[PDB]
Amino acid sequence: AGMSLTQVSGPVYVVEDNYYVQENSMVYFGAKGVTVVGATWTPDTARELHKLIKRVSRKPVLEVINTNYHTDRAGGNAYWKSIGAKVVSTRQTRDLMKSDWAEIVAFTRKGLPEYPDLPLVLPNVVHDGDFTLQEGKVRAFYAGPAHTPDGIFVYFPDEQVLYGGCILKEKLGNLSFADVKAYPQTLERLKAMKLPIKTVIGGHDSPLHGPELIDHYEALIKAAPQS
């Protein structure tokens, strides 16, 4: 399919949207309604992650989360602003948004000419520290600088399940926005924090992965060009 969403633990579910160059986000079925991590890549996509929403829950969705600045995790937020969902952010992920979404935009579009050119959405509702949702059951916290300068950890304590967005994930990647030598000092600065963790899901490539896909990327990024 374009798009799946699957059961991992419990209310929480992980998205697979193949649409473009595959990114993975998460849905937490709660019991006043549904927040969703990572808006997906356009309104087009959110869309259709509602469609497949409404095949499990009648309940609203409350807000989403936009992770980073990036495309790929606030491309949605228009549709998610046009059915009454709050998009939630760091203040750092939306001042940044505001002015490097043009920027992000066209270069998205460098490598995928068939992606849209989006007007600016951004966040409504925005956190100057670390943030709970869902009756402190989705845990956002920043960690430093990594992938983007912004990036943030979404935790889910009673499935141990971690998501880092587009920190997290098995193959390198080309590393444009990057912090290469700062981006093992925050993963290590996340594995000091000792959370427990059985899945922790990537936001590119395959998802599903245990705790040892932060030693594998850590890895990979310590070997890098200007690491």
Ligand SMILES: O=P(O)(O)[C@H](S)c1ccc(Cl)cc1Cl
Contents of the next structure:
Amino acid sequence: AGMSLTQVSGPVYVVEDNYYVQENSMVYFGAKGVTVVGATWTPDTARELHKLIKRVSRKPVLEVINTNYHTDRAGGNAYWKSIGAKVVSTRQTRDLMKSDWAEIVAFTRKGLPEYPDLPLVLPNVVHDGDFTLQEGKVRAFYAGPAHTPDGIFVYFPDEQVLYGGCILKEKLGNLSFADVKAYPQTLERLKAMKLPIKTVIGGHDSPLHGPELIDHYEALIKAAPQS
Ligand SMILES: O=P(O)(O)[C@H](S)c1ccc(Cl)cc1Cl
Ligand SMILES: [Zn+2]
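Having seen the form solved without the named molecule, could you give me the form deposited with the named molecule bound?
Expanding to the full complex; the earlier chain stays at the top.
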């Protein structure tokens, strides 16, 4: 299918968004409503995710987290706002989105000419530090710069699932926005937290991995140019 929504553990689901270059995002089905982690590529892909959500739950979509300011994590924002969901990020992500959205849309369209020229749609709930949702069961945090300066992790403690958006994946990927020397330092700050982790969801490539995806990507980025 163009997009799938599949249970990984309990209320934690993975979105495989096969539009453009495949990106994987998360959905958490909570008591009061639904939290989406990663807005998906465009308002149209966001609508496709919402259609899948409505086959699982009638509860409202409460909020969507932009794990960084890029098009694959924030492009769906216009749709989420339109249905009354909050769009949530760190202040750093929001500020970078304000200044750099035009640049990232242009960069996206260089690789994907078919991708739309999306207007800026900023987060309307901004956090200055780490933050939680769903009565503490969805936990967002910053551990330093990596793939972009601002990317955050989202941890689901009950299910021992870690999502890093674009930070964790199988292939090296684009480093044009990256801090190549800080990247492994951020991954080591992450590992030093000693979070119980059964599953890491990669943000690109095949999503389902164990904790070893962190070490896999760390070894790749240490061999990269500018390391
Ligand atoms: O940098 P990432 O991991 O988001 C990935 S490698 C990426 C790079 C360029 C373009 Cl146009 C699309 C994508 Cl999905
Ligand atoms: Zn990405």
